[PDB]
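> Take a look at the letters that make up each chain.
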Amino acid sequence: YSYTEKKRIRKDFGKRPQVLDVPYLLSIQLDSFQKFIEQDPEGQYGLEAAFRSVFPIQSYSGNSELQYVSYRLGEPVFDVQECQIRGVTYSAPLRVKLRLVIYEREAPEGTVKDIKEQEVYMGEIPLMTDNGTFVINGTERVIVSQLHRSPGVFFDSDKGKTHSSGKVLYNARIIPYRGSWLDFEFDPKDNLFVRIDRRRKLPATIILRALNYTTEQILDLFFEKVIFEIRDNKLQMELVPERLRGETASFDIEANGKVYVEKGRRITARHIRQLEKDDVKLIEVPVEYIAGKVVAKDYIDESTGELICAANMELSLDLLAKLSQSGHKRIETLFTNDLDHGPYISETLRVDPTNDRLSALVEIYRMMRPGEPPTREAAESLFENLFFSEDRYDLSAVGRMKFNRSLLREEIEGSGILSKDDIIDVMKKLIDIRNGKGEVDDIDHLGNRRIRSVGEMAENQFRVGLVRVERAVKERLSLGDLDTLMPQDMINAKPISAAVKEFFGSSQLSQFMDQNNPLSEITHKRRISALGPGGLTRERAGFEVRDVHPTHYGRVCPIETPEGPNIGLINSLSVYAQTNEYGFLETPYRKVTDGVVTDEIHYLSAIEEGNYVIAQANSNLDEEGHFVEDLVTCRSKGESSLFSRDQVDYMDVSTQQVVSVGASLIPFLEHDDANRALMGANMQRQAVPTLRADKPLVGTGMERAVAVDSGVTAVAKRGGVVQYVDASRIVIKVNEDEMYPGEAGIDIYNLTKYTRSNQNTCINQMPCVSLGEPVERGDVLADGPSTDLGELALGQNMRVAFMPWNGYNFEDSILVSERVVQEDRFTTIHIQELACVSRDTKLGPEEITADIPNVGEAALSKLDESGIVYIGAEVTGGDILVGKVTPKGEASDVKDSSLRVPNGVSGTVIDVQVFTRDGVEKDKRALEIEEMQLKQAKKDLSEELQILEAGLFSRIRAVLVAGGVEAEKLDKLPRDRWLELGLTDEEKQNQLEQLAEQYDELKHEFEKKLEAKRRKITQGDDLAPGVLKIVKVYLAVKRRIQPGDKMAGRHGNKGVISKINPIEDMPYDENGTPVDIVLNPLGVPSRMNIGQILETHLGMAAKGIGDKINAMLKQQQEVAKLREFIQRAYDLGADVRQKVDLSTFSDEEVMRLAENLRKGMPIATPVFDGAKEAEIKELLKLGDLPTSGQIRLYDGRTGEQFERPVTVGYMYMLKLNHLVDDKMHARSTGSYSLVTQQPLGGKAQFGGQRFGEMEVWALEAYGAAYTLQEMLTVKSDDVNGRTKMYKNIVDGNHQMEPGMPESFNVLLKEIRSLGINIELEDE
Amino acid sequence: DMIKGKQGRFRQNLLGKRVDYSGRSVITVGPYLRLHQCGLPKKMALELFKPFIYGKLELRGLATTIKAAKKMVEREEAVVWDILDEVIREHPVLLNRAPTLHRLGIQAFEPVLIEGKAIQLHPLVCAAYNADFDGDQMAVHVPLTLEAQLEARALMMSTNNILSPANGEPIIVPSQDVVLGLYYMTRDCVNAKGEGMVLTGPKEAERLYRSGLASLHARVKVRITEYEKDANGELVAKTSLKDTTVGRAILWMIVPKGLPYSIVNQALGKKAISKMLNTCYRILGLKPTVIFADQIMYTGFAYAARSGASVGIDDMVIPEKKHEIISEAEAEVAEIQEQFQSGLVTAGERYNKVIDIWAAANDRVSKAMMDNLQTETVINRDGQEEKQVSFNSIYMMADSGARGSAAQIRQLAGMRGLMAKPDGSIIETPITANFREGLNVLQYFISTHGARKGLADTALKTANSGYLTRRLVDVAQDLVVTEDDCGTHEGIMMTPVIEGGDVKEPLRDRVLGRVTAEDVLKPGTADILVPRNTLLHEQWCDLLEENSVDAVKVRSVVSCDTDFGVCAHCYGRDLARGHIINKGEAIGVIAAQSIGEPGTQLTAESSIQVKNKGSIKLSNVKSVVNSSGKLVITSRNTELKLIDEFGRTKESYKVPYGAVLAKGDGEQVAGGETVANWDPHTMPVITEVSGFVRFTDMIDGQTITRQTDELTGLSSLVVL
Ligand SMILES: [Mg+2]
Ligand SMILES: [Zn+2]
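Here the protein sequences line up with chains C and D, keeping their order. Mapping of the first sequence onto PDB author numbering: residues 3 to 892, 910 to 1342, in sequence order. Mapping of the second sequence onto PDB author numbering: residues 329 to 931, 946 to 1062, in sequence order.
Keep in mind the hints are simulated off the structure, nothing from the lab. A few of these clues could be false.
Unchecked claim - Simulated restraints on C-beta separations:
hint, chain 1, residue 1, chain 2, residue 2, range
1, D, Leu857, C, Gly1271, 48 to 56 Å
2, D, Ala735, C, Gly1271, 53 to 61 Å
3, D, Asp462, C, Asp912, 48 to 56 Å
Claimed, not checked - With a Cα cut of at most 25 Å, we get these calculated SDA-like pairs of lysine to any residue:
hint, chain 1, residue 1, chain 2, residue 2
4, D, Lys370, C, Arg97
5, D, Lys345, C, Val924
6, C, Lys1057, D, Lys531
7, D, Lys399, C, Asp1310
8, C, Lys37, C, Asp116
9, D, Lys378, C, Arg97
Think of the CB as a built atom: it goes at the ideal place given N, C-alpha and C, for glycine as much as any other residue.
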């Protein structure tokens, strides 16, 4: 086991052996941005791709080409921590190599001049932190992945609402990544219409006309021919028997001398077999049959030249006679089977008004730009650039792969531009499905829904910047002269960097980190949003989209989603899932070799999963990968059933892979209704870090993975031994094995103490380890917020009893004992930030001095001479945080603009920061802050130098001992007196000058490094135009739990703390221990969350064991007893994958482990492979507790016994962020709004309640006329009315003076101001 | 532009503003409160009533000027709290909860100063507010002028609004903890401590129970004096020995004078308590009902706490015969599937068979579990043994009506039935496991889908409701009761709607509180039962059930003659109060709210079979008896009603043209006897006379196609 694991082992239930370990949970973000930067030769995904896409930039036929070589990411100027402190964006400079080449002009082009630009600076790109986030202005932002429809072609149905007469009208949509959209739809009359991206629907054939296809060519390509030969007389037809499928006979079908099908009887299978075996090709047919068909080609009279029938014209006897007399032996008619093969392109051609290519292009042009006369070449160029221009129309590699796969073409790699064969095949498939030989696609299939992560969106935005700047360079290179200018006045970085920072900063998917819980961080980073750019808007989207598709299995969490209005549009990603090479979603599966379940894992996407039969994870395997049952339970096409042993292709990796991290943290998920599990997870992500987090008594084992993988813990990078421990830094001496040979030194981890998180919570790290303990690579040195010894401890575990106690827990409300507040276990620290900004006005700059007009010295007492509060001073609402004066001109004094503490907030000033970009004057506080940072830098550098210096001196002593041993005199004189000493002239003297010069070089490197650090510290941190300086002040406030606050469990049970009872009143067991929480039973039966009951039982068992060992340990019997007891406990049955034992060191580690477990041994029930009841019963028995898990309790107030014993035990509860002191609010009178004199809205400013129209109706239902009267005039809007009412109340009388509202009188004057006579009548 | 448009004026100006002297905070239980009061935090009360405080402080002379009043309030000295206490005595405040669906969403209470930052809300009214203690917050307004105060105390106070304006029933009925406690209190046990001793009254019953010399429920003979106001408002004591439990006597202590003892003698569940309150209100009046409800709450809470009811893992008993049922149903599904693979049954037929057999197995297991759990306490008396309604805590929570229904009990201990896939089709294999046991990935996943769909439905339903109710309240706002009586004779003849099998809804409730259009006569003329228009209160309604009035013409609002409004008489009485409507109340808005707010939880026939023994009567028919001896139905609008022994129409059916009949008129039909017959998917055309069929305008070929079979007389002549 690891060292932190050996510290406190967690008793793990769970039967199936974990084959795959949980991957790095933040893989998505880091891997995507790595792919984004990813210096690579062959243009694959990556910035490189964008450059090669946009370059080469050739002049407007000016023969001055621009070429791209390569780019380089500059080293960031600001590290992460200092960047947060100083309020700048953490970024790297981007530099690109270009060449300008000028060839022969008015001559065959030949390279005349080539100039190389000196590594042009092309702007700043923000870098991503180690944890996978972005610091954009000293605020931690996250870029959520976006789920959206993949490029390609989709055949939709859109039925039901089509004219309410059935008539299912199909449609094919071609969507590219970049370029216009193509749409083919039908009409009630089965005519197939095309609609350019989002316009009206035109007949499709016009586009076919634009592609240069003649009507006969089209009818050739689409319709099945029917041949009519005339041999010596009367119209004999060449017939393929198999064409007759499903056709009532219209004529008498005689053949070879024998009538086969009588005229009128539909051809039966008997006749079909007869005719087939007879081998009948041609049959003479009556002229009435042909008197109805349609002609395919445009048969002209070859002899004379006169046209007779046109392409797709109905046949009449006269036309048949003309054709027969003209001498046409071979006739090609159309096959119109009114059942299967319809005349769709024919009828579209009939409705199609355009005839020539030119008329089609004219109509097209008149569609895009209606009203301006279309010129031929304009239409030609438009159509060319529409779908076949490499630059404007590009689908993708992914778009093209999906496109070819949808139409069943073997070739995966295509051209970006839309080729003609693509469109023709698409139309063929559309008409095919229209006949019914095909299925429509379902949008909700994850095989049709692709995930765009950060790097892809950043790449797109950067490309946009590039296309802009390319146009710019193009024009400047065209107009301006060619050879005078060098390639840096010409290219401007400002708009590109502007676009990148707008995207990263001001975007829908780029949002503030939800930073109060480690779980909150980890779940926020692994999120998939369907909104944003190219994302569905919430209101129009249908219920069908927000349902859970069977494809989501093992890819997205079914249970974790906000329960607000956008439920189902968020869908947090599952544990084990990954992104494909093309941005699809894949999940791991174990291969199945016919009998044995092997150990190699393959990642499968949605489509591949669809085909196979996948076995469940909870299937019993004995020692060689064979299923115990003959018929096992699997799923094949999204539906589960029984399959045979020797049919399963794959098997689920583990039971946990269905659910997200949040859901995986809930114990006994298998016993909770899905609704309450959903709400439980959603709430559990809101828990606030307490003062000392401890641990869950009932966990799932995932706590350490979450804590480590989040960046809140401090984790060792190179293993070694802890040299120095302080409550600010941990300094570790590396082990010699891993110790780098040249210029290694030791490792130092600086910790972070109370700082403000996004949610105003405290972020503090505590050291775990002590002096002299050995640490290995990857152990947890320091605990972050709300984590203990590596484990996630969101809340705390307390002793609950399920009973109604005089209706104080009537509804879901909760009763709590005074011991919890006395022992201070639910008290949190919060942290507000306040900012005072001194800008430069045109009347004169404001000042920060402490000299503030007409303020009493009481207010100054807590201010220093510079005008900033002392660190540690206690302030209250309304106190002056800092002193500022606004200058007055045309005097500067007599008025104060000093910032004050907001009303009703009181805490201690823990920190102050000052930012003066100008650097004018500087200030006292800047000097103190600079010295605090500087002294630290000095200490660290001094420590490193002294270690390296001690080493150099040891080597100097080892050389000095050679060549004449001198050990008496040397060791007692100071060490600095060893360089001035001498030795016999030899190579040894050469070594002494060498070592002296290396000592000097270490000094000089030290001095320059120090100078550099001091230059970085001193420089002004670039502020916005007009602001001289800014001072930020952090207040910290300790909030204790009180009645009205909200508390919850992990299973969805909620409540408001209703009353704090004295300890004596609370129920107590015979032993005298009072319970902590009194929980309502009536929440169980209707809210079928049974997981809390099992959790309570198992928690009592675990705390019982912990109590027994604490009791046995306080008496300190002997090591032997402890080892025996702990072993018997840890074994507890069989089938467990634990395997612990006493192999660990014999005395120290056991004593430490007992000390840590004495507070209760932590259990680990996995989600679905959990602890069954019998095991809980056994564990309760081992502790000497009632097996039924309920005990008899005596009422602490009255003393009589309760009938029917009650369930008690320990449950892990959380205090949610809904804290009563923020919610409570009241106003009598206060500030009103400027334009409409209504009271301000909000809590910061006093603010009134919104008396809506529904409340008006409620009051109107009663006869409450006077209440409404005051509500409309006296309470809000009437100025004179409100002051008169105030004065009347002050006078001690409670009346009012009625009349017409003045606003109404204003109305009279405004309406009267028109030519309208409106009079106030009287009687 | 200033006048027209939203932003300009009217549409925004006088539509939805923020008011003063208002606050908002979280609500909390506070059981010790009286029904007409509410717990209010000190600090909020001070902030709200600030100007009152200043006025009273200046009146008492404690402060020379107003600024001194502010300084003394910001120090918060004892005098300030004394003045605040003095001003608060009778001043009422308005409580509102964000979605004010109906007029009971705003009510006035008297505040009691308490510590803390949470508002304390009386439990009984939560049902009216639809309030839940899971972080719901509430708003609190202060009426300023004197008329507003008077209006709040008279019209809007909680105790004045006990009946819902929608229907007449009480709103403040005990909800969950109270009913559980009372249920525990009244149930009896075969054998306990203090079996069969005779007590002189309830007071020594309490002596016995509280001293632990007798169990709270144990059968006993007690002497009790009930009072009855049988005379013209005088109470007569009747005193006798009844056989009851100690608990029922203890409960009897509270019960006001007028009520018969019988009321408490039963198991006393939710319904029983509700009807108890109903009778108490109808007989005694408002104030006794209020005090009785408060007493019920206190005793229920107390004895529920003394009961100590909890929920352990062993409390939900898995039925012993579940596994057999599951194995049998699996074997049956396997046999039907194999017999499908051979191809004697379509896929749809197999689907239907599997779904039906699984449903049957589910019902079997549910009934077996309910039998096992319900009456399993086989506890022993002195000698032989006996069995009784069990004391299983979960069973008491189910049966009392406090929480949960049979369905959830099933969902805990049985198989959780069949599920529906997205499109509504039902999965072939059900979820055999239950929450006491553990589900597996597939079954969980399925239930997740279910819950997601359910919640989304509820969301959209709420949006649609809001929209509908807004239109309703908008359209009907102006209607007001302006006149006392228009004096019309018109009215609607109201009958009890007897849809098919029986009387879904009786007359008495349908007519209660409506004035009659004209006097109705007994089944014998000149026997006037009700004078010209009288308000039909409970006594008249009871009078109508002993007699057999079937249909009553009552004045309706639609036929009212009054111009520009309605008259009191045409409307009737029904209100939160009991009496005839008062001139001036805006009934349009109350009606619109009452119809809108509840709208948020809304998502073969071959032979007739008489259910109860009665005479058959045919209405609106003209039959012609044929040779077979059948009463041939020749009318499409024929009805067959059922007169009972005492002249009342129990069952009513509609008999179509061409249905074979058996019994005519007068015949008494035995229970469940087939009186009629006809082809379900076939309406035959019946000839009245005999002879040869003659074809007229029946030409062959033009409009009909002769497709005729051989001698046996089959044909396909089709008159299209
Ligand atoms: Mg709530
Ligand atoms: Zn009327």
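> Hint by hint, note whether the structure agrees.
Results of checking the hints against the structure:
no., hint, in the structure
1, D:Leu857 / C:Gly1271: 48 to 56 Å, "holds, 50 Å"
2, D:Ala735 / C:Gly1271: 53 to 61 Å, "violated, 37 Å"
3, D:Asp462 / C:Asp912: 48 to 56 Å, "holds, 55 Å"
4, D:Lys370 / C:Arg97, "violated, 66 Å"
5, D:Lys345 / C:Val924, "violated, 28 Å"
6, C:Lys1057 / D:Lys531, "violated, 54 Å"
7, D:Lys399 / C:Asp1310, "holds, 18 Å"
8, C:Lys37 / C:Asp116, "violated, 33 Å"
9, D:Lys378 / C:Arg97, "violated, 66 Å"
Hint compliance for this structure: hints 2, 4, 5, 6, 8, 9 are broken, all remaining hints hold.
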